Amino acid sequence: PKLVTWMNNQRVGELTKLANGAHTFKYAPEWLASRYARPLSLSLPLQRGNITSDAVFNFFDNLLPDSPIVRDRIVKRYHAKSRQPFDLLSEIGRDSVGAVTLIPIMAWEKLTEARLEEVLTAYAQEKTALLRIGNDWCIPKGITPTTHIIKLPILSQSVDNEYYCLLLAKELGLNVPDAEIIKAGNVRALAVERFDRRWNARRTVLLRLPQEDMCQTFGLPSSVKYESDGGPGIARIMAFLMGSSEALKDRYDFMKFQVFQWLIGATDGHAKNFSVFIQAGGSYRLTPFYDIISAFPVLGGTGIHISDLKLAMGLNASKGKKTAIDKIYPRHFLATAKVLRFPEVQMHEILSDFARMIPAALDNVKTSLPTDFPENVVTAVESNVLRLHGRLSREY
């Protein structure tokens, strides 16, 4: 009951699943010997002995979708031995988030539009991935990696929503992946460029880059990804970012992203929505932001009010925490920066920058929207962002 763990062409170690169900991991000697060795996770530090803490199971479980519905689909798809994580990874672990390849050259298969449509229809929001070669979507062969995360609509306009949000984030200076709306027959999907992949200079090899999300970095199960369930919030992440190889930048970017989520009404920014690259030696830094969706297009859809929108990670408030997007003003971000030791001049710069740049960014994003982009999505997001933006322009 072993799965060999590879990081590209280098053997990292082995995941073992004992008869009693316990999961253990052991690094390979040749891996530990490298002066450039790095751990699979900050929660699984380099060592010679077997690692038996719950961090092993949690780390691997976090590589799989959180929804039980999606896991049942996976079992069905590959007739997986069971619903267990070790068994699921035995079927789909060749290409995962980050660089972890789990096994029990460069080549691919180009897909036609008809074939691409069929592949995507198969995919409780289960995402998949494909390899882009030129202007064609492809299925990679063997251990050849994918280059894009493909998402289908959830929120029937979630593909368009996320596309818009990623464009706006990029226009406002945030580190986010590029994405494109793809159409195959009657399917409309979002193809997000992966930042855990990098082509070599000659484009003959596509490499995987190690990364892990915040639940993984802290050894936590996906079940506590939300702060209300005991998961990490702004304080814990900002404290963690102090050890980043890019601390100043990462803390600034993370705080800027909290202001951005507020402006765009992104209510689902839980711990698994943030990740770090694990670099040679074991150092780490923040990866780009991702899985960005605005709740504004859902307003009025049934009964959901703007007063019902809450940030997943709350800010400081005089009497506790501040979570309602509609009640948040610059003073909450400034109070938060203070207790977290995030330079006030920097928080001001972040607020000032959004104050003068938002109006132009909203107009600029429109040119990158396809002709069939849904106007209701633009109106709902643009109108609500401008309403909140007024609170910044009034002080900054």
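Numbering follows the first chain given and starts at 1. Rigid core (definition): largest C-alpha set, two forms, superposition within 1.5 Å. Compared with the form solved in complex with adenine (ADE):
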The other form holds:
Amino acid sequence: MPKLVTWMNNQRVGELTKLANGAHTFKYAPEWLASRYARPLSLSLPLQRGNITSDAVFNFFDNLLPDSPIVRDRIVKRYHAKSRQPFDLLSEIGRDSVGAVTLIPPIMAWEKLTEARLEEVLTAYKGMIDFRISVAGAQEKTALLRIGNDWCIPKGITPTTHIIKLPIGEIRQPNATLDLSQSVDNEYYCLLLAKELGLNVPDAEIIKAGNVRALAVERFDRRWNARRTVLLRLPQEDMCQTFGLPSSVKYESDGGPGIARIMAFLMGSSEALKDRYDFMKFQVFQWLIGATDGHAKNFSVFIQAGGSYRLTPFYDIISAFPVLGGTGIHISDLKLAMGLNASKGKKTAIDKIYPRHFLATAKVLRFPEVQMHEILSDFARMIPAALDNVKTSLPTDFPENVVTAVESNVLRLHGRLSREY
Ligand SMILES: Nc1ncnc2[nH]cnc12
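Follow the form deposited without adenine (ADE) with the form solved in complex with adenine (ADE), if you could.
All chains and molecules follow, beginning with the one already shown.
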């Protein structure tokens, strides 16, 4: 299989190919391995000489594309590719993927979009199909460059600064109707509550183009230089990749990594203490806001010079509370993607989970009890105000049902905190 030079911003990293036998390989650029400021494209693909044939090569690149066959078919369609295989895919849109793995078979420009043209691109992304927000597996992610107060499409190899998500819509199941038509407002809101609570998350703005409302989340794998002259891409990978696992096992119930393996893995981070504290805090947070899709691919690390790594901010944060009620799901069905320790097993029922459960997990993970307590205690006295602040800071066209669905359910859980801290 032909080549596609792998680039990290403006540096040649290596080359990728494939074989007709069904195998895949990658090779590092000798001058890359010779630089003192070199670093592996993936922790699962250690810096080395000679092509790499391990499955980690395919998995890494295969984790760069949506794990949904439905979604891939669309891409393979509007782009015409041999098949759904990574290469054919990345050989078309690998110019602005996740991280800094720019692929290509002289720039610094873009193209502003009219409000009419903006609504044109967004609409380009959008029957009858263990609850998970991404069950429809029919949500195509896109990106756009934001210059000032305008939305533009990067021109050339120019990077994007925002990840764009359109409404998931209502999912029709045989015995249930999942109302995720307000997933944009959901995440927007959830990202504000997370920030207000001191969590490391990106900022997000709701795009208004025509009658379609979308979510624009700043990419933390990008960064403007001091003179706003160049927009740099930053190396990054998710837990599946770093562990050399396929996206098919991102969930723990499917054999994927849980809280234990990641916490242990973070002990080798350049910010071990901080990263373990933050990760653990996000678990309590997910529980509080009813975030059920905290799978392995929902956590990533920044690859730094020398092969050192550290936790990246948290992302794709969506509450399941808004989907509660009527013909939808019920609290009793809300389960964390990564279970906690139980008296004689695991706890995943957000409804049957209390402070004691998090404290029990910390102890076994060797996470300072005094820290777990501080996390529980900190939410106990900040949640009440946090909610109101977020609210009194929301637009006027923001749906009450969403805030009510989240706030109430949040205060309902937060009660178990105050009555202990
Ligand atoms: N905001 C973000 N920044 C970088 N990578 C992302 N992946 C998903 N959301 C992201």
